[PDB]
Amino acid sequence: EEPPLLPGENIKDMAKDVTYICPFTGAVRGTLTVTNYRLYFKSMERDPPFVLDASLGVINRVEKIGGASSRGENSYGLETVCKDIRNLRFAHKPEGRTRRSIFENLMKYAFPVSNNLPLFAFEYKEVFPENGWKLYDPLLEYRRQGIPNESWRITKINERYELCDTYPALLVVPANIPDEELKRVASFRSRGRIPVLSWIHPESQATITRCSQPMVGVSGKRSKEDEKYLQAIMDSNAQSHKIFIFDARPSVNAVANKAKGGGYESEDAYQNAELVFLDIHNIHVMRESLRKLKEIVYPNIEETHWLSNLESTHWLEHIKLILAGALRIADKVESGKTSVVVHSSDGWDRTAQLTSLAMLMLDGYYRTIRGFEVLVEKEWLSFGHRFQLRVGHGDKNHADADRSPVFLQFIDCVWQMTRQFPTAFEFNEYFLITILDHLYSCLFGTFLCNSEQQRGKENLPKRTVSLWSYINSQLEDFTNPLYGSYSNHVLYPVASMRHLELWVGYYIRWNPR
């Protein structure tokens, strides 16, 4: 049958008598349709009609299966490798002459950018009541935190992204630090990502600042400005008992960076700071782990060695190290009334996972649907997480080594806390899954581009629809009924291989059980 079309979506090609080789219920012949948004397969040869509907943005690669030298049944066809923790395989009849046409169209519309075409987000013409782009207001988010105040001021030094182009326009720094100062520190911190305020404790004033690695290099080069800057962060605390710096990386990776120009804050250089390594691996290790998870989870799980196989992917270990890291950060702020500086190498992957998770543990606001959206727009989008690069939107280079499931791990971690505290969050699992589905779909412009500056030049608010516009207009679907009965507004999940579950709802949701 015909695939329901969204305003702006059009059919680009369709093939009759194509067979979908379901790993769960056997071959099924029907009609394959390709639009500028989805891949839609439907067969009336079953009751109810078998339907397969996936957004094209989830396709990684398209492979031709079989050739002129193939006889087996359903041996000639196509297979789409998906970001969805699944693969879709279809069989075509050579005499039907549809494969090539579908292959080319799948290649064309699933990878529009590689073909001088626009991401569907720019074609989507739907209109919603609520406007997701007006949801997050920096100046106001800060006002809610009580910023600025006597210890922290707002600067405009980067209002034109001149200080750091992968940072937001407004930045909160120590009240006693001048702009010419920031410029000096911006020179010592990789990519100019200087330490800037992310969150402040409502009562004690302990702060969570974020940044990238210090350009220390093989020779212990220092920065009077950077050192003074961190000192200023400490002098901003009443319970002024030193300051903690959480370096996301394993000790050996931090040293290896020092060898290439980066590094970490030494004991000698920063006398009033204690640095802790959190052992969270790089994007390459994370991509490799997810790959292994997919192999054992789809299509058929080998039950005899599920646990040992899961252990070998290390996926849950990474989820654990990330949560445990966020925990260490929240605890030091809450209980230790101590300020913490968070960084890694570029301060836009692991650093974003840590700040946002600790903030979810510390600020109940972020646990509300609107609060979470603000969290994502704040710590992830505005701060420079390279979504476009990490997901590879509309780009056919499936082997790109910059692609890594960083935001997915984050969302996975948020889900874990949701399992351990069923009444603490106003949103539900469906809300997180939806966020992950649209992270790949490219229906909304929310997760496009690699920095705030970029999203400004592309004028996304005026050319694309915000995912939040869709969500906030049907909150019923994304509202958790248990929310509202949680007094203690500080969460402390347990980061253990015994308390963390593999998110079956996302990684294994395709089996018709």
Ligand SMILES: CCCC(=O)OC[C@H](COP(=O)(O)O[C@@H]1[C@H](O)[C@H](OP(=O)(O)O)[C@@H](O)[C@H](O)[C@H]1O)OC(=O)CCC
Given for the second form:
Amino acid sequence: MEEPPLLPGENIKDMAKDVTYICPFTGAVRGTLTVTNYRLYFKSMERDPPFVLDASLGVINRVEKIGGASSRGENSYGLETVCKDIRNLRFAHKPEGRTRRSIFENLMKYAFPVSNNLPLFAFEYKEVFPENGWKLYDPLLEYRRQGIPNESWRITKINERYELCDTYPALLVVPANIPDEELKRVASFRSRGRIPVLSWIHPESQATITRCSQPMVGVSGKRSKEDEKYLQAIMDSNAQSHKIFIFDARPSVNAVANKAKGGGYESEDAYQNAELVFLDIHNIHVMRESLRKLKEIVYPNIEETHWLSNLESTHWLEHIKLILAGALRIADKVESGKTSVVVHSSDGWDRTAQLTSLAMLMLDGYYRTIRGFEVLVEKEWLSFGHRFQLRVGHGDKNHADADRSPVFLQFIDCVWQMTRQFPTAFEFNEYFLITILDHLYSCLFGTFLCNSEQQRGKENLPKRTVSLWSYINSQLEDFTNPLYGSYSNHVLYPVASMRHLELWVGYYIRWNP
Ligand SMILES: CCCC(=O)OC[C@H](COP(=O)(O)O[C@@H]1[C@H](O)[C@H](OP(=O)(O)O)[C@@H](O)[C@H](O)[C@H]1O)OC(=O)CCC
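After the form deposited without the named molecule, can we look at the form solved in complex with the named molecule?
Let's see the whole complex now, leading with the same chain.
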């Protein structure tokens, strides 16, 4: 009865009878706690419908022991799982029941398989679907859709074996007149060899969106004649504007600080035909801290009296605002400015991925379809080396790792904001976005594992794991926006202000009924 449902490949690893779950909203409820290789399940027939708590082990970052027998209090002895999904779960065990240690140990083992030399559930998950999500994204075909390779832009195979840049995809689009040996020189000037490459091209103006990492200028004004020519080549392809725009996602202070560490930005002297703009979007450590502050004000209980000022102090929505405002500036420079833009950050993987993809969503209605959005994720995030496994910490017990940051979560939040402002512009619904966020942590699928395309290939995820798109695409009805259709040629111009943006209740505050 209180036994959990099981996915093909899932197994019960431990079970504790008469454990009390301390629900923050309804109160204590005694039932059975079960741990599988995929989830934590709690069910009690001591209510009606039975009470059911079902969470993927992947959302657990920590597990803490609460009390000892040296605790006389009612439900003072037990466990608490701190979760990535904007909650914490607290259970109470009876010392004489001798279940706490066992549950604690099995949780530490199965929620953090990587740390315990076990596989992530995605490799054990053996269900089969009608569609194969791994066949969804085809680089060459996406470029074709964009009218890519052409006269101005060619496809180079120089990174066919990730020699040029190992955090980059295999195929890269660069200016038709720039030879590979030259790409190699630009690569030594750009951080981690993440040179400027095409993300999107306007079908009418030929203004483009390129992306890259910061130029290694350093404390002395080191210049790269080839990088300068490369950017000039980017500009010479767009026959319109007599200038290019470089959007550095960082606040100026951080760009200057990077220069001090060896990196930097494109100066007015070195890049004569480029205008650089700082977008004031802070780093991963700042975003991690903003979410931490938000979780503490939304979960368990909100203090309504100071909601607005408490929300303000998190600076969550301010970050969302700066990210959307930056994407907006990029889209507008390309669309109404007919100007090409180069987008970067320090590393070019985090903020840069947020910026290109959001601008792209505004500009191209294709990315607003369910399949096109899946392509966008596979393209700008996965193939371009947003370090997913490190930013999420899949199956790793090191909860304090400073590499963990809600970068993709912020992106999805921004997508949801547009979805609110344009209720008929997207083919997918909110449920689709929340589902993506749940599986970002679940590790049921192989879609968000590994930190680069090269890694996913070496680990052969297409053949060893199931794609999230396989699940989603073979089951559309749930993720389709019924209002969709009344748009999708035109550019989206969301408004980025503290008065037009909201806190995504459906996601951050979904645990209270
Ligand atoms: C030096 C002592 C203090 C210290 O740790 O400074 C670190 C700074 C980090 O600079 P930041 O831009 O403030 O911070 C970086 C960005 O958040 C980057 O994202 P994105 O792709 O959006 O750029 C993350 O991937 C990096 O892990 C993070 O370090 O980097 C540098 O100074 C230059 C690196 C060559």
